[PDB]
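The form deposited without the named molecule is given below as one chain in structure tokens.
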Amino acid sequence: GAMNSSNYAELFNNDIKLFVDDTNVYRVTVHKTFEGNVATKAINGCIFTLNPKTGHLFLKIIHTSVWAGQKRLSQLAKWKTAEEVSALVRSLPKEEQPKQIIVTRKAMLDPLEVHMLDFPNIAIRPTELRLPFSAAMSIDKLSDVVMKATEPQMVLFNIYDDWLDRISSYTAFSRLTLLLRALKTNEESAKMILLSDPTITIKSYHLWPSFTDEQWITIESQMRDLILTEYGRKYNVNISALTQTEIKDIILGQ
């Protein structure tokens, strides 16, 4: 059924699964026209399709040309996402096809189910988890490839860099969700934390800096404090009063 807190370890078992997030597929800037009406201008988007076990990211770039002369774009964006996910599954060898696809937004269930009728053994699932995959466009290298695309393009990333050499996919996924949650709540501060030591660089073939296990623990701390700081600034709450049980619950709760 629905993916939640109760069945979270299932993400890291040996059944191939993909998360699909469609938040960044249809992206617009809203502006005034000369006559003082409002209009949108579409920018390049992307489907965020992630194997939470391996870190393999299938970033399908959605070029603005997709939308030309189309109506009801927010509805079309769901169906185009479902088409591209189904085309990706079909492109994978049988033993690489997912057994489950978890959609981050329930409006994707019918579009994806209808595009995947050829795959009746692939379970299409919602999640109760509030996942911060919208913040994918706050990862510089991902934003750059989307913005520069002049045509439809698929780009393959490992969103965990080389972390699985040292940690489990459970820990890699928690690290990724905490990073994305921070970037989503305060991008400026999140990035400042990630670059605060210019000696720790991002390798050409990586998205994140080359932190030691010790530096990752410190960074993870600073990210939690940022999420807490921002939750404090948001709700007008004295955070210095909070307990560790109170605290844990608002990154969880978030």
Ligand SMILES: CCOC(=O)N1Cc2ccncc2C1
The other form holds:
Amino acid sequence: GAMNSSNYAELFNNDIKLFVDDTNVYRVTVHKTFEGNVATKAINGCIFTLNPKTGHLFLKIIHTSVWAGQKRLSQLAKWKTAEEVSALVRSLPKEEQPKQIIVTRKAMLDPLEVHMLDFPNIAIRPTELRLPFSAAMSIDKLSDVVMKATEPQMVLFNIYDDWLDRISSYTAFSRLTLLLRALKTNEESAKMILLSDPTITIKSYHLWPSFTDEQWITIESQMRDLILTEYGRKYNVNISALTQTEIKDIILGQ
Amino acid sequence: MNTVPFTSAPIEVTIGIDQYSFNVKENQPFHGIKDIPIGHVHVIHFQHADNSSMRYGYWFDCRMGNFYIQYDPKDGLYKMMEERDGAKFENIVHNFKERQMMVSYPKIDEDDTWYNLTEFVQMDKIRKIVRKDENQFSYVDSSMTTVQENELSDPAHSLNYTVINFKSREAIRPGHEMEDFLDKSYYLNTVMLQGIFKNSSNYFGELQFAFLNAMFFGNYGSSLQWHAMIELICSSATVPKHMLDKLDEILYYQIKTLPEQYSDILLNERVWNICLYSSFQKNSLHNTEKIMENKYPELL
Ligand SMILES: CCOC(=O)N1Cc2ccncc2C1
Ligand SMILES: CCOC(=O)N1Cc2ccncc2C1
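With the form deposited without the named molecule already on screen, would you show the form solved in complex with the named molecule?
Shown next: the complete complex, the earlier chain at its head.
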């Protein structure tokens, strides 16, 4: 059924599964016309399709040409997402096809179920989790490949870099969602925490900096404080007054 | 001018004939129903006074044979039977009429209600939905499941309504996923009308039969089928003008006939709100929208 806090270890079992997030597929800037009307201008988007066990990210770049002369674009975007996920599944060898696809937005359920009628044994599920995958476009190297694209393109990444050499997929997913939540809440502050010590760089073949295990512990702590700091700024709350139990809950609850 | 005699009425029962009903007492001298209009299919139905769970009946056409009712004390129900001896049957009916032991089908001369409910319903089509080839009449009851319900147990006792499923390969052409899901015209016009039903008259007959089984028996799978056949039309951008005009008439008489006190169990809020206010055909069902707004404004 619905993926939640209860059935969370299920993300890291040996049943192949993918998360699909459609929140960066259809992207626009809203602007004034010469006559003082409002118009949109689309920019390049992406489907964020992620294996949470392996870190394999299928970034399908959505070029603005897709939208040319189409109507009801927010509706079409869900169906185009479903079309491309079903094309990806059909492209994979049988032993690599997912057993489950989890959509981050319940509006993707019917479009994806309809495109996957040929795969009755692939379960299409919603989730109760509020996942921060909208912030994928805060990862500089992902933003760069999307905005430079001149045509439809699929790019493959490992969103965990080499982390699984040192940590479990449970802890890698934790680190990923904490980093994306911080980038979503305060992008400027998040980037300044990641990128401020010049001695620590991003490998050419990586998305994130090359932190030692001890430095990751410090980074993770600075990200958790950023999310608390911003929660205090947003709700006018004295953070310094909160307990570790209070702090604990806001650091998932969101 | 046709007659369905009863051997006797050994148990207290409410008897329906089409939209009419009356109470018969345990061992009351009741010997049946006379003056049944030729030209239409009819339904005789029963609800036992000592057990309202016993709810069942028979579809029949008096043009296809001589039918009577006889209580079976083993199976504990009123059974329809065919009498093949014409002269015996004629003699039975004659005696019961002379002794005035029969109720008269109470048709008001102005009243086209039954024709309006059964316009497209034909006994040969009922016999394909309800399969029991040794009888010319068809047994239905409140608990009988549909082939579709049995997919999501005993197949011999099933209502074989045409399966409608909006998220099925039958409903959705590969490559036209969004198109076919948001506009059901393909599924209505090519698959159902041209393909399975052959014409709108057969589609409406099944729709009307499903309504009648839902209303007269409280058959849940019948109510599901009635709503699915309405939703398939209302969700189609391209429907012939004659089919929309006829559907408006069909639904008007169905909503007219529904007992006010069963509206809560027989009408699906989502489907009616969608059909009348959001669908392609939201503006095409003037008579149905007016009677629904005036009779059931709560539901909406
Ligand atoms: C690796 C350590 O993990 C965490 O500290 N998290 C996961 C996580 C994910 C999303 N928001 C907050 C948090 C706190
Ligand atoms: C051919 C598939 O089924 C039909 O065509 N019917 C069912 C049916 C049941 C009662 N009256 C008319 C009809 C038309």
